[PDB]
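Form deposited in one PDB entry, single chain, as structure tokens, below.
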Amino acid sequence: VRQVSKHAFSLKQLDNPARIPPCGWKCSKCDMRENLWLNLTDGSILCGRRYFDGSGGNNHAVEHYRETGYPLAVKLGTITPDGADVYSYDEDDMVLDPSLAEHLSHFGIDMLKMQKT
């Protein structure tokens, strides 16, 4: 079972007015379009960890975490009405964020409108 993150209810979010679309996301820092992660603290959209074979992303999300401490991220394309995949860098697990709908609407996201990939 995934467990409620220790950051789910205490997470402090910054005000980021950028519009997040319901599909077609890109890393802010590179061309990656797969394995993108929205950090719930700042609204950053950045690519996942590079795979051992050099495929996958360019480590931009994890580097961002190492620089900031901002622990929770949601994998874009996994957001549905029923939830999403949320990773904790801090707890090094997939976690539950029962405030996810609130966290997401904070950046103007409607969970009902996001495309599954």
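Positions refer to the first chain, counted from 1. Take the two forms, find the largest set of C-alpha atoms that superpose within 1.5 Å, and that set is the rigid core. What changes on going to the form deposited in another entry:
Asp53 is the only residue from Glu67, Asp82, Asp31, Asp53 whose Cα shifts by 2 Å or more between the two forms, the rigid core being superposed.
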Second form
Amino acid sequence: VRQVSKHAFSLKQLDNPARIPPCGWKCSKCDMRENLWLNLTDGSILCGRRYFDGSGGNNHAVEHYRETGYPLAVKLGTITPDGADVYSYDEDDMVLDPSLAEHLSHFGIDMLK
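Okay, that one was the form deposited in one PDB entry. Can I see the form deposited in another entry too?
All you get below is the one chain by itself.
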């Protein structure tokens, strides 16, 4: 069970978001088609970090956090009617976003589908 993010209630999502499709994404910075994270502020789709065991992606999502400070991202492919995998870079943990349905609706994602 994951704790509520300090960012979840007041998260600012940028105007003119993309319509994020239900499948088929790519990292906007490399050819990764798996392990992709949607930043809930700006709708960027970027790959996951390289772990110290050498597993994972090319760090594009975490590099974008370092540049923007936009702290919440959701792992694409984990969204269900029951929730999703949400990471907070600032809190450095998996978190609960009680405003997830609103935050995903901003991108045209209906988690109930």
